[PDB]
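Engineer: Below, each chain spelled out in residue letters.
2 protein chains.
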Amino acid sequence: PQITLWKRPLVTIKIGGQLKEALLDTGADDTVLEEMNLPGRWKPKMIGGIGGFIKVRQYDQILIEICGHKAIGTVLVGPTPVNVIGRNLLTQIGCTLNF
Amino acid sequence: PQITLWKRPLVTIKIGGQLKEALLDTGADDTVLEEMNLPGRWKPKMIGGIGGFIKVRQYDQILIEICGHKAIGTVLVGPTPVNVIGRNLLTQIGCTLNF
Ligand SMILES: CCC(CC)CN(C[C@@H](O)[C@H](Cc1ccccc1)NC(=O)O[C@H]1CO[C@H]2OCC[C@H]21)S(=O)(=O)c1ccc(OC)cc1
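Note that the protein sequences, when read in sequence, are chains A and B.
Take the first sequence: its position 52, counted from the start at 1, is 52 in the entry's author numbering, and no numbers get skipped.
Take the second sequence: its position 47, counted from the start at 1, is 47 in the entry's author numbering, and no numbers get skipped.
The reader is advised that the hints may include incorrect statements.
If several chains are the same, the list does not tell them apart, and a pair holds so long as it fits within one copy or across any two.
[What the hints assert, rightly or not] Subject to a maximum C-alpha distance of 20 Å in a straight line, what follows is the list of computed SDA-like cross-link-like pairs (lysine to any residue):
1) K45 - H69
2) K55 - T80
3) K45 - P81
4) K43 - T96
5) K55 - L19
6) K7 - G48
7) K7 - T74
8) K7 - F99
9) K70 - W6
10) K70 - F99
11) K20 - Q92
12) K7 - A71
13) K7 - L23
14) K7 - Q92
15) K70 - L10
16) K14 - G52
17) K7 - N98
18) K7 - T96
19) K55 - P81
20) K45 - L19
21) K45 - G94
22) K7 - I72
23) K45 - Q2
24) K7 - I47
25) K7 - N88
26) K14 - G51
27) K70 - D60
28) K14 - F99
29) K45 - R57
FYI, nobody ran anything at the bench for these hints, they're computed from the structure.
Bound-form chain A, shown alone:
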C-alpha cells in the first residue's frame, strides 16, 4: 500500500501468534516492542533513543507479519513508549520512502 503521513502510520502485526498494533518508524534502526512473552532464547541488550538508553531483551530470527507482509529478524522487547517497526524489518517487506 501507499501510506500517507497525516496520521501515525499504525499497522497490525502478528508476532508469536498474537495480533498487535505497531508504528512504522523509518527513524528506528531496530524494531522495539512493549513488554510481552515470546518463546525461545533471548539476550540482554541496551538500546538508546532520544531520551537515553533502556534495557531490552533481544530475540533473534523471529517471525513477524507486518500488514500482511512476512519478515524474519531481530525483535527487541522492553519499555519502549510504543511498538515500533524499524528499518531492520521495513527493508524486508520492501518499504521505501517516496516524495
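Knowing the structure of chain A, use the given hints to seat chain B with the ligand on it.
Structural biologist: Below, chain B with the ligand alone, put in the same frame as chain A:
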C-alpha cells in the same frame, strides 16, 4: 525521489540559514532539531521516546527546505542526538511510505 531503508534516510535540510543532515522519520509526530540559536519567541515543551523525555524549545512557522522541497511549520530545538524530520513536515513535502 525514492529512498530505500538499507541505511538511515538522511537528507540535507536548510533551516535558519544553515544546512544540516536530518532523518526523514515517519515515527516522529514533530520535527526535532539539534541545539541551534534561532531568533524569535518560543514555548517550552517536553517530548518522550526511548529512554525518556527531553526538554525542547518549540518554534512556530519556521521555514525549512528538505531536499529542495519547501515547508513551513513547527520545529522543536533541544539536545537531541539526531535531527529528525517529523510527520508535520513530511506531509508538506508529499512523503509517503510504500510497500
Ligand atoms: C514514540 C515513537 C518513537 C520512539 C521509538 C519516537 N521517536 C522517533 C524515532 O524514529 C526515533 C528517532 C531517533 C533516532 C536515533 C537517535 C534518537 C532518536 N528512533 C528511535 O528511537 O529508534 C531506536 C530504536 O532503533 C534504534 O535506531 C535509532 C535509535 C534506536 S523520538 O525521536 O523519540 C520522537 C520524535 C518527535 C516527537 O514529537 C512529539 C516525540 C518523540
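Engineer: Hint by hint, note whether the structure agrees.
Structural biologist: Hint check results:
Taking the shortest Cα distances, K45 and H69 never come within 20 Å of each other, neither inside one copy (27 Å) nor across copies (37 Å). In the homo-oligomer, the alpha carbons of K55 and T80 lie at most 20 Å apart both inside one protomer (9 Å) and across protomers (19 Å), since each shortest distance falls under that limit. Taking CA atoms no more than 20 Å apart as the test, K45 paired with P81 passes in both settings, with 17 Å inside one copy and 17 Å between copies. With identical chains, the CA atoms of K43 and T96 are never at most 20 Å apart, being 30 Å at best within one copy and 34 Å at best between copies.
In the homo-oligomer, the alpha carbons of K55 and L19 never lie at most 20 Å apart, since the shortest distance is 23 Å inside one protomer and 34 Å across protomers. In this assembly of identical chains, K7 and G48 lie within 20 Å of each other by CA distance solely across copies; the values are 17 Å between and 24 Å within a copy. Taking identical chains as interchangeable, the C-alpha atoms of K7 and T74 lie at most 20 Å apart only when they sit on different chains, with a minimum of 16 Å there against 27 Å within one chain. In this assembly of identical chains, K7 and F99 lie within 20 Å of each other by CA distance both inside one copy and across copies; the values are 17 Å within and 17 Å between.
Only between protomers do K70 and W6 lie at most 20 Å apart by alpha-carbon distance; the minimum there is 17 Å, versus 26 Å within a single protomer. Within a single copy, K70 and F99 get their C-alpha atoms only as close as 25 Å, which misses the 20 Å cut-off; across copies the closest is 12 Å, which meets it. Taking identical chains as interchangeable, the C-alpha atoms of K20 and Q92 lie at most 20 Å apart only when both belong to the same chain, with a minimum of 19 Å there against 29 Å between chains. Taking the closest pair of Cα atoms, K7 and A71 come within 20 Å of each other only across two copies (18 Å); inside a single copy the shortest separation is 24 Å, beyond that limit.
Proximity of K7 and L23 under a CA criterion of 20 Å is satisfied in both settings, with 11 Å inside one chain copy and 18 Å between copies. For a Cα distance limit of 20 Å, the shortest separation of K7 from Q92 across copies, 13 Å, qualifies, whereas the shortest one inside one copy, 23 Å, does not. Proximity of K70 to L10 under the C-alpha cut-off of 20 Å is restricted to the intra-copy arrangement: shortest distance 17 Å within a copy versus 26 Å between copies. Taking the shortest alpha-carbon separations for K14 and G52, neither the intra-copy value of 28 Å nor the inter-copy value of 27 Å comes in at or below 20 Å.
In the homo-oligomer, the alpha carbons of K7 and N98 lie at most 20 Å apart both inside one protomer (16 Å) and across protomers (15 Å), since each shortest distance falls under that limit. Within a single copy, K7 and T96 get their C-alpha atoms as close as 18 Å, and across copies as close as 11 Å, so both meet the 20 Å cut-off. Taking the closest pair of Cα atoms, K55 and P81 come within 20 Å of each other both inside a single copy (13 Å) and across two copies (17 Å). In this assembly of identical chains, the alpha carbons of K45 and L19 never lie at most 20 Å apart, being 24 Å within a copy and 34 Å across copies at closest.
In the homo-oligomer, the alpha carbons of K45 and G94 never lie at most 20 Å apart, since the shortest distance is 27 Å inside one protomer and 36 Å across protomers. In the homo-oligomer, the alpha carbons of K7 and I72 lie at most 20 Å apart only across protomers (18 Å), although the nearest pairing inside one protomer, at 27 Å, exceeds that limit. Proximity of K45 to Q2 under the C-alpha cut-off of 20 Å is found in neither arrangement, the shortest distances being 33 Å within a copy and 32 Å between copies. When the C-alpha separation of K7 and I47 is checked against a cutoff of 20 Å, the pair qualifies only between copies, where the shortest distance is 18 Å, while the shortest distance within a copy is 25 Å.
For a Cα distance limit of 20 Å, the shortest separation of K7 from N88 across copies, 9 Å, qualifies, whereas the shortest one inside one copy, 23 Å, does not. For a Cα distance limit of 20 Å, the shortest separation of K14 from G51 qualifies neither inside one copy, at 28 Å, nor across copies, at 25 Å. In this homomeric assembly, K70 and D60 come within 20 Å of each other (Cα to Cα) only inside a single copy, at 15 Å, whereas the closest approach across copies is 41 Å. Proximity of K14 to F99 under the C-alpha cut-off of 20 Å is restricted to the inter-copy arrangement: shortest distance 17 Å between copies versus 29 Å within a copy.
Taking the shortest alpha-carbon separations for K45 and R57, only the intra-copy value of 6 Å comes in at or below 20 Å, while the best inter-copy value is 31 Å.
The structure shown violates the earlier hints numbered 1, 4, 5, 16, 20, 21, 23, 26.
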